[PDB]
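Chemist: Take a look at the letters that make up each chain.
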Amino acid sequence: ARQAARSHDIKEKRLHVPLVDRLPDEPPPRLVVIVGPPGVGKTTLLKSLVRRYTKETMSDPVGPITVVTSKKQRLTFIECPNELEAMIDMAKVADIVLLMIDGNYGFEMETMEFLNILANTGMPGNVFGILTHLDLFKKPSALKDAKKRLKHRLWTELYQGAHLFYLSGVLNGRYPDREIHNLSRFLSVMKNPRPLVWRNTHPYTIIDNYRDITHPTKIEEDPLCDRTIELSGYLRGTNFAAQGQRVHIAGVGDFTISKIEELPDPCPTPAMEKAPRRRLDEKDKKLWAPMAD
Amino acid sequence: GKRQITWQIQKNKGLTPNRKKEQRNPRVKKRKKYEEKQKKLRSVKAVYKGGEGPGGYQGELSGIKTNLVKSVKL
Amino acid sequence: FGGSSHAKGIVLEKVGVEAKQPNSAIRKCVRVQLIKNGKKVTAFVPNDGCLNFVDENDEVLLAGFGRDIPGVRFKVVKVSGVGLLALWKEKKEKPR
Amino acid sequence: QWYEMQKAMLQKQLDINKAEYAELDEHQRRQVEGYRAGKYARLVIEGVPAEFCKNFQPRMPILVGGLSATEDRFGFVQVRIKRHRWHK
Amino acid sequence: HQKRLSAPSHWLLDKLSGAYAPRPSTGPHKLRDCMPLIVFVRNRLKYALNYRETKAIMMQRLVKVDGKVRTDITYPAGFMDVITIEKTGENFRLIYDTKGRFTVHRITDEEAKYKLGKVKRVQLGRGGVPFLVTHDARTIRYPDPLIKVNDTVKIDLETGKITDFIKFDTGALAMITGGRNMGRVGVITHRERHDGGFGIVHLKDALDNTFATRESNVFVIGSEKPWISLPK
Amino acid sequence: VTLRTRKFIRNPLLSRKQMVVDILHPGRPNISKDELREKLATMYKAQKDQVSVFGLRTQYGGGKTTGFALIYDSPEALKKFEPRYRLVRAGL
Amino acid sequence: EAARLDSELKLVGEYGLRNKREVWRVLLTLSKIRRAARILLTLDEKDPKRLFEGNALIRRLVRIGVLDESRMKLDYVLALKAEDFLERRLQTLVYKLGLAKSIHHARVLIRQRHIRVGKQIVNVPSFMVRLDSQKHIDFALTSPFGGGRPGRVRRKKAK
Amino acid sequence: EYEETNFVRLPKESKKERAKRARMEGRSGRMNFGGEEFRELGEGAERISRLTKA
RNA sequence: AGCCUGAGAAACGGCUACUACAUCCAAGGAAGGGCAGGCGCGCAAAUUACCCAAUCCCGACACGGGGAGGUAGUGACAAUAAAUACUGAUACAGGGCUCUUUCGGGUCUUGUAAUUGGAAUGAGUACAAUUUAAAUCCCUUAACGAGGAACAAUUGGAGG
Ligand SMILES: Nc1nc2c(ncn2[C@@H]2O[C@H](COP(=O)(O)OP(=O)(O)OP(=O)(O)O)[C@@H](O)[C@H]2O)c(=O)[nH]1
Ligand SMILES: [Mg+2]
Numbered sequence: 040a041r042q043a044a045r046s047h048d049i050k051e052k053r054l055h056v057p058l059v060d061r062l063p064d065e066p067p068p069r070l071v072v073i074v075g076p077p078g079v080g081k082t083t084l085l086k087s088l089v090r091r092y093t094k095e096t097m098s099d100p101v102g103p104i105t106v107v108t109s110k111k112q113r114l115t116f117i118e119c120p121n122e123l124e125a126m127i128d129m130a131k132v133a134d135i136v137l138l139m140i141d142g143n144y145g146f147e148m149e150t151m152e153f154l155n156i157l158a159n160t161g162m163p164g165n166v167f168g169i170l171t172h173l174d175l176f177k178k179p180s181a182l183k184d185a186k187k188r189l190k191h192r193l194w195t196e197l198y199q200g201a202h203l204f205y206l207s208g209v210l211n212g213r214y215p216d217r218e219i220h221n222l223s224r225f226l227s228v229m230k231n232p233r234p235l236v237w238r239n240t241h242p243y244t245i246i247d248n249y250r251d252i253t254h255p256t257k258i259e260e261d262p263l264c265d266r267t268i269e270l271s272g273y274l275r276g277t278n279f280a281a282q283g284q285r286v287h288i289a290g291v292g293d294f295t296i297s298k299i300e301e302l303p304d305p306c307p308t309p310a311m312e313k314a323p324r325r326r327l328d329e330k331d332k333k334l335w336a337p338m339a340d
Numbered sequence: 575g576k577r578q579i580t581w582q583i584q585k586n587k588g589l590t591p592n593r594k595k596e597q598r599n600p601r602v603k604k605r606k607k608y609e610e611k612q613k614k615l616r617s618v619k620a621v622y623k624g625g626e627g628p629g630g631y632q633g634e635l636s637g638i639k640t641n642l643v644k645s646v647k648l
Numbered sequence: 043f044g045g046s047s048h049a050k051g052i053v054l055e056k057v058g059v060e061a062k063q064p065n066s067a068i069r070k071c072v073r074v075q076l077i078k079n080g081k082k083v084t085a086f087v088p089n090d091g092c093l094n095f096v097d098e099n100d101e102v103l104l105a106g107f108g109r116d117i118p119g120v121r122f123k124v125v126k127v128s129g130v131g132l133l134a135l136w137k138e139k140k141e142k143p144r
Numbered sequence: 737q738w739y740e741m742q743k744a745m746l747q748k749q750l751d752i753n754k755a756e757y758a759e760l761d762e763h764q765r766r767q768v769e770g771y772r773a774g775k776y777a778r779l780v781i782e783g784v785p786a787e788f789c790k791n792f793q794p795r796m797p798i799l800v801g802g803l804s805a806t807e808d809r810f811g812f813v814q815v816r817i818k819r820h821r822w823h824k
Numbered sequence: 008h009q010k011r012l013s014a015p016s017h018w019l020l021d022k023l024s025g026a027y028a029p030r031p032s033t034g035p036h037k038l039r040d041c042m043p044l045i046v047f048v049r050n051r052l053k054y055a056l057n058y059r060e061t062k063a064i065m066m067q068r069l070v071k072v073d074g075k076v077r078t079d080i081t082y083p084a085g086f087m088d089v090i091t092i093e094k095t096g097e098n099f100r101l102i103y104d105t106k107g108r109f110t111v112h113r114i115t116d117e118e119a120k121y122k123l124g125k126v127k128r129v130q131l132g133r134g135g136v137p138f139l140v141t142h143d144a145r146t147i148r149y150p151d152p153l154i155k156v157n158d159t160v161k162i163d164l165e166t167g168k169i170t171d172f173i174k175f176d177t178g179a180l181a182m183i184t185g186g187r188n189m190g191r192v193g194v195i196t197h198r199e200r201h202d203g204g205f206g207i208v209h210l211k212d213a214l215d216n217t218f219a220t221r222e223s224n225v226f227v228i229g230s231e232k233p234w235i236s237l238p239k
Numbered sequence: 008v009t010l011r012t013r014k015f016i017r018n019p020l021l022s023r024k025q026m027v028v029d030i031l032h033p034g035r036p037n038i039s040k041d042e043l044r045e046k047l048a049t050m051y052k053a054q055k056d057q058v059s060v061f062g063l064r065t066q067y068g069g070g071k072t073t074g075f076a077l078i079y080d081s082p083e084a085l086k087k088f089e090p091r092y093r094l095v096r097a098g099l
Numbered sequence: 018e019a020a021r022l023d024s025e026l027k028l029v030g031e032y033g034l035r036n037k038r039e040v041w042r043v044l045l046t047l048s049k050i051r052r053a054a055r056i057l058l059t060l061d062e063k064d065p066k067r068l069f070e071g072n073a074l075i076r077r078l079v080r081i082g083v084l085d086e087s088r089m090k091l092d093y094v095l096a097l098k099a100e101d102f103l104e105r106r107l108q109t110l111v112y113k114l115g116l117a118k119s120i121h122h123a124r125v126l127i128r129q130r131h132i133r134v135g136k137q138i139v140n141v142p143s144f145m146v147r148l149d150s151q152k153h154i155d156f157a158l159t160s161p162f163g164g165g166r167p168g169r170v171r172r173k174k175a176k
Numbered sequence: 274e275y276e277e278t279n280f281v282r283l284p285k286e287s288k289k290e291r292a293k294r295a296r297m298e299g300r301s302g303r304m305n306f307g308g309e310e311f312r313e314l315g316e317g318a319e320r321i322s323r324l325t326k327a
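Residue numbers (full-length UniProt numbering), protein chains in the order written: chain R, 40 to 314, 323 to 340; chain H, 575 to 648; chain S, 43 to 109, 116 to 144; chain X, 737 to 824; chain Z, 8 to 239; chain V, 8 to 99; chain L, 18 to 176; chain U, 274 to 327.
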């Protein structure tokens with residue numbers, strides 16, 4: 040009888056509201072934010088993750104970085120800068136969150152601000168606490184006390200029993216390879232994103248490449264004039280309108296689409312190339336960072 | 575130059591009610607509950623509390639009432 | 043209901059949102075639609091100010107109500129994975 | 737199994753489209769169904785103020801969102817607001 | 008690689024040497040009738056602490072077993088092997104006790120020079136020569152022609168020759184090295200043939216307890232004549 | 008700093024003197040086993056370099072501290088008869 | 018029930034206990050001892066089981082000082098009680114030996130490591146002090162009531 | 274008395290012995306109210322009758 | 001399905017042919033067949049930890065090599081012990097408490113957000129030394145470490 044009771048409780052746990060998926064057959068790269076207070080090493084984790092995946096030592100990685108992590112799915116890493124406008128801009132955008140806590144110093148208001156901004160706007164599937172600066176400790180009893188109290192406060196903040204990784208040192212200016220390897224074990228195998236209503240009704244795009252296509256005669260005539268801008272990125276929400284789509288460039292204002300060119304990917308992800324083996328040969332570990340080095 | 579997290583976010587108090595300094599310690603509460611329930615007992619029955627003092631017998635110090643029978647009638 | 047202790051549901055419509063007196067049970071009651079079976083049952087939010095956290099089309103856990117409308121059997125326990133008394137006590141924010 | 741029946745009706749609609757605009761390229765795939773999601777695309781925006789191009793930093797990213805027909809109208813929004821727990 | 012409890016109950020190990028126990032290497036004495044040299048040095052005598060310390064004792068020529076240098080650590084030394092250590096100037100001898108366990112006996116060169124070994128079989132070897140096989144698997148070429156089966160021999164141990172022998176006798180005191188009455192120094196007073204396999208002897212102690220042990224498990228030690236010093 | 012040696016064993020085949028050492032610091036902190044190696048030179052008429060101390064658990068409530076001490080006949084006998092970790096802890 | 022509440026409150030007040038879990042703990046071990054005494058009274062007199070097991074139980078209780086040395090029958094072992102057990106606790110023994118002014122002072126002293134039982138200091142106030150060990154309850158040598166340093170508020174004041 | 278014989282130190286129990294000896298309390302009726310032990314009145318009481326008859 | 005080594009195998013370690021997958025290529029060719037981990041809804045909960053240092057095993061052999069073994073980390077599922085205060089003096093108020101029987105009876109010291117004074121200190125911070133393969137814990141341990149607006153007790157229920 041108790042087996043039937045537990046089966047009924049789990050069958051009631053499995054249920055949710057029937058919302059619409061709106062995910063294509065060839066899905067766009069899932070967006071990984073690296074959010075944290077200033078000085079915590081978001082750029083260092085970005086360098087270390089892109090070296091783990093695509094083996095390219097970036098001396099200054101900026102912008103979104105698209106990365107092939109499987110034959111079906113791929114990721115893109117964006118590091119949020121230390122400004123609240125960018126944090127509120129990307130909290131409605133993020134697919135998975137890498138939320139950084141500064142170890143010995145404890146929690147920060149920027150971390151709590153992004154946690155409740157994200158919860159109020161829309162909760163994504165996977166948020167992973169990443170706790171760093173553990174090597175700035177002298178007593179390894181105080182170390183496990185700080186790990187325990189930061190884990191319990193984070194569990195009160197987002198949900199009980201989350202994933203909190205501990206990244207200890209900085210060896211080659213980068214991170215330890217085993218620690219970022221188990222971190223990528225957790226963020227590599229993946230599940231479909233949560234059906235958020237705002238992302239499943241409105242079409243968005245996160246700009247990978249920027250270019251100013253303006254005539255130098257116009258720039259020489261008026262140095263402060265209305266320019267035309269080519270913005271290249273992945274179409275992520277629902278589909279854009281074919282003509283006359285109204286666009287909010289967040290932080291700039293509202294405009295209209297003058298042209299859409301729909302062109303093939305720079306990160307092809309071999310299911311799209313072959314359109323049942325497990326491993327990824329190094330032919331496939333592509334890197335598309337059109338603003339970084 | 576960092577933004578410290580303050581005590582209200584550090585422990586999620588929320589809107590728990592205000593309770594007593596007696597209620598924050600379960601022994602001191604059970605000390606004060608026993609002192610006041612031993613005090614309520616003297617107002618019902620009569621405790622011994624020492625016989626005649628060192629000074630002797632200064633009279634029945636709080637009244638003598640004549641028309642009061644306080645014996646268990648068997 | 044069912045064979046379980048708590049059921050899930052979708053808040054269809056907060057019936058009695060235009061009731062006059064603040065802690066009326068018609069003000070506190072909410073029509074939800076159970077996921078597993080599909081029927082629309084009515085449930086009590088525990089408090090009138092706590093009604094404001096229950097929005098339309100939210101996944102709602104509900105349990106029995108064991109003790116002004118006698119016979120409404122269920123009470124809303126959790127809303128969108130967060131406990132409703134915790135939302136009322138301002139411990140947690142609601143993930144939407 | 738009302739949950740799986742509702743999710744199956746949603747997947748039936750999600751097969752009915754992509755079964756219904758899989759019939760022509762220049763008419764359906766370009767003009768009916770727009771520019772489908774997941775595909776890399778280049779946008780040309782006309783009329784951007786030059787202070788954006790002069791103060792463009794690659795750190796702070798660019799998010800392009802699509803406004804609906806209702807998201808360009810102005811008027812009195814009536815909202816349900818509450819101050820935060822930790823706002824002093 | 009056997010466990011400490013699966014090790015036999017007659018070379019003792021306490022709660023100290025880990026859960027495992029060394030196995031004896033293959034050699035003269037048997038497996039279950041054996042004391043390895045590491046158990047003799049560091050678990051019985053405690054002249055050592057660790058395996059590496061026992062190796063550092065064994066590898067240098069400091070431990071001689073039956074008059075020859077024995078190098079490997081788990082060398083089997085079951086019964087009555089004189090163990091000469093020269094830096095300490097001692098010679099130990101392995102006997103049993105009345106309960107059924109191994110016992111060590113300190114002695115000098117005069118009793119350390121000879122070994123009392125029980126004859127296993129007599130045969131005619133190649134070359135038409137009689138040879139003699141003891142329980143130490145010592146084969147002696149050209150023996151004395153009366154030394155039959157179950158007779159014991161005083162082996163010289165500096166040449167290895169025969170010096171004296173004790174006959175199997177009803178009236179000669181003996182030591183039990185097997186069976187349910189193991190390790191009971193008493194006198195052979197009767198012997199029953201049982202032809203067809205597994206004959207017995209009836210044996211009594213010094214103080215009147217009769218019991219029947221098998222002629223395989225017996226071992227002659229002397230009529231009165233304690234030619235090895237049983238510990239007083 | 009009060010010292011007593013119990014169970015002193017000769018061990019000539021391993022060539023090293025084995026002592027159960029009961030040291031006592033009452034009122035002091037712990038004993039600093041390198042300074043205890045320095046102390047076990049004149050007590051048994053040896054060089055400091057041929058002494059190795061291990062074990063050394065402090066008894067409950069201060070005072071008594073039980074160590075195990077080994078004095079070798081030569082530093083080279085120590086070098087060829089000591090474990091690597093005890094050699095590192097000693098400093099050779 | 019009000020009888021249980023008033024009884025447990027009388028125990029918690031008369032011996033300076035923290036909650037009712039300590040009362041229920043003592044009542045459980047007392048009921049175990051009393052159940053053993055009832056099972057030994059089930060058998061007849063001069064049975065060897067009752068003889069040796071009852072002598073073991075009575076000698077154990079007299080040695081741990083609960084049962085008085087005068088009365089040594091299994092009927093008095095049945096007549097045992099939780100007031101006798103809480104009297105054999107350490108905290109009430111400090112209060113009765115007079116090292117502390119009240120029972121809550123005694124609990125405070127035993128918590129912050131002033132008294133010692135025999136040789137070692139005792140950090141727990143529910144230490145069941147035996148009869149042989151009752152006499153050797155005194156202030157430790159590292160305590161300012163025993164000796165050594167004058168202490169903490171004394172050091173901050175004398176600076 | 275085993276740490277002065279050849280004076281190698283011990284590990285203070287381990288996870289596999291503490292799993293065993295603390296499970297021994299789980300299947301036994303013994304209790305230690307003070308310095309003494311209080312044994313249960315099961316089969317340990319029947320041997321007292323079982324010895325005295327022989 | 002057949003074969004090869006060796007003291008010990010019908011090793012599955014290799015080979016051959018057939019069958020079935022599957023990879024690189026310059027399209028001629030060429031190498032290859034395990035477990036562990038995560039997801040198993042869109043909503044979740046024990047380390048991808050360190051070493052052969054002890055016991056043990058294999059070798060030309062004291063040194064070289066061991067996925068048994070031992071060390072550490074998590075844990076409100078339980079279970080064990082118990083902090084969040086102890087103790088005075090003075091000043092002032094005259095009420096405090098109870099009930100069967102209630103516009104009635106019973107009992108006699110109780111308070112206060114009053115003013116002051118003493119001490120005690122373990123959580124934590126922590127020099128060391130020690131423990132240990134190297135660390136940690138434990139035991140030792142110099143120095144700091146309490147006045148509420150804090151070193152910040154909770155969960156429920158009833159009522160003004
Ligand atoms: N010891 C230690 N140092 C770290 C750790 N993580 C980062 N650092 C150092 O802290 C510095 C911060 O650099 P970043 O990580 O780029 O800082 P960021 O916040 O990521 O980048 P900005 O947002 O531009 O400041 C670097 O120089 C790192 O070497 C850590 O886990 N341990
Ligand atoms: Mg950055």
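Bear in mind the hints are in silico, worked out from the structure with no lab data behind them. Careful: at least some of the hints might be erroneous.
Claimed, not checked - List of simulated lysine-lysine pairs, DSS-like, C-alpha gap at most 27 Å:
id : chain 1 : residue 1 : chain 2 : residue 2
1  : H       : 595       : L       : 27
2  : H       : 623       : L       : 63
3  : S       : 139       : H       : 587
4  : S       : 123       : R       : 50
5  : Z       : 75        : Z       : 10
6  : H       : 604       : L       : 90
7  : L       : 37        : H       : 614
8  : H       : 587       : S       : 140
9  : H       : 613       : L       : 90
Chemist: Next, verify each hint and record whether it holds.
Modeler: Hints versus structure:
1. 595/H / 27/L: holds (23 Å)
2. 623/H / 63/L: violated (49 Å)
3. 139/S / 587/H: Measuring from Cα to Cα gives roughly 7 Å; hence the hint holds.
4. 123/S / 50/R: holds (20 Å)
5. 75/Z / 10/Z: violated (31 Å)
6. 604/H / 90/L: violated (37 Å)
7. 37/L / 614/H: holds (21 Å)
8. 587/H / 140/S: Holds, because 11 Å separates the two Cα atoms, which is no more than 27 Å.
9. 613/H / 90/L: Violated. Residue 613/H to residue 90/L sits at ~39 Å, over the 27 Å cutoff.
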